[PDB]
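The chain that follows stands alone, in the form solved without the partner chain, written as structure tokens.
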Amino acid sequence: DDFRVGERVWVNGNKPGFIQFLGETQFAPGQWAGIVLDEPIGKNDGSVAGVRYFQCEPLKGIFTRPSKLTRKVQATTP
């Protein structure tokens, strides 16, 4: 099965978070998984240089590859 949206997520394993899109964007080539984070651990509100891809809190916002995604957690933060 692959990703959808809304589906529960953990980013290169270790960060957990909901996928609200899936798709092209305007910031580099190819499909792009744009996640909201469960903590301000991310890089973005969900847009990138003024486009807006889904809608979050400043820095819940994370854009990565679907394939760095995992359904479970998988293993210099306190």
Contents of the next structure:
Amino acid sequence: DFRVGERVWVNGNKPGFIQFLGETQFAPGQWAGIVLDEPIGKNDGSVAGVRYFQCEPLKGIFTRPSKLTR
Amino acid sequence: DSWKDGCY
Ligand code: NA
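Could I see the form deposited with the partner chain bound next, after the form solved without the partner chain?
Then the entire complex follows, led off by the chain already shown.
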């Protein structure tokens, strides 16, 4: 369904873009790495030193795809 | 905030 580059909302009210979609090193299953319009996230695209995508500090967040709306 | 629970 979802694709890298897509405009999305996290929990229906945090706008951003998908920058990563896949499995990761930090937790099982599928993850979407999002760059958020506002710096209200958790990371810069990296988690525990592992780089999944690149953005400015706190503009990145990883969430389950089921939490996204296109 | 809470919305980020279960996120990384
Ligand atoms: Na919006």
